[PDB]
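2 protein chains.
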Amino acid sequence: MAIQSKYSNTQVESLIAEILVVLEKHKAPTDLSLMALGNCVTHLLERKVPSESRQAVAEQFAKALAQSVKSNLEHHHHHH
Amino acid sequence: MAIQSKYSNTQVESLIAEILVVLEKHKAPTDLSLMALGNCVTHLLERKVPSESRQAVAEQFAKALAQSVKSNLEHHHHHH
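Sequence order for the protein chains is E and V. Residue numbers for the first sequence follow the numbering used here, beginning at 144 and rising by one. Residue numbers for the second sequence follow the numbering used here, beginning at 144 and rising by one.
Worth flagging that the hints you see were computed from the coordinates, not collected in a lab. Possibly wrong hints are sitting among the right ones.
The list treats identical chains as interchangeable, and a pair is accepted whether it falls inside one copy or across any two copies.
As the list claims (entries may be wrong) - With a straight-line Cα cutoff of 30 Å, these simulated DSS-like cross-link-like pairs (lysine-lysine) come out:
#1 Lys191 <-> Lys206
#2 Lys168 <-> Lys149
#3 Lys170 <-> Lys206
#4 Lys191 <-> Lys213
Okay, chain E solo, but in the shape it has when bound:
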């Protein structure tokens, strides 16, 4: 399809790569990185997102993350 984006996938990916550079800048361990990133996610909720939407975004964010992991699982892409 045709999706014109102000924030192109190149922009997004480079933004992600840049915050990864921040993590690697101090090469924080996964445990500590998950802590920092996790609080940064909630940070955006408590900052930009009003409480009623704060719930909705949290749930969809969870489904997004969970199904991203459930995507690389694949396992025959059926059940059997």
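With chain E held as given, fit chain V onto it using these hints.
For chain V alone, coordinates are given in the frame of chain E:
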């Protein structure tokens, strides 16, 4: 004297702050910031966390994230 610091307060603070500064510098819209954050958290899993554990870590993250939000919402504990 019986105290154990899991991490350095100023360390964690500066870590979170640095990533926030990245979002600040580029001035990322809510959609872009959440998208970048989500993929970043997942990309950490794609590195040092096998899918076997990744499923549980994702759930652990979902637990922590949602409970952090609800910790602000639920201060009206009297329906009985």
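Each hint, compared with the structure:
1. For a Cα distance limit of 30 Å, the shortest separation of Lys191 from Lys206 qualifies both inside one copy, at 20 Å, and across copies, at 21 Å.
2. Both within a single protomer and between protomers do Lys168 and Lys149 lie at most 30 Å apart by alpha-carbon distance, with minima of 28 Å and 17 Å respectively.
3. In this homomeric assembly, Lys170 and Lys206 come within 30 Å of each other (Cα to Cα) both inside a single copy, at 28 Å, and across copies, at 26 Å.
4. Both within a single protomer and between protomers do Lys191 and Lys213 lie at most 30 Å apart by alpha-carbon distance, with minima of 29 Å and 17 Å respectively.
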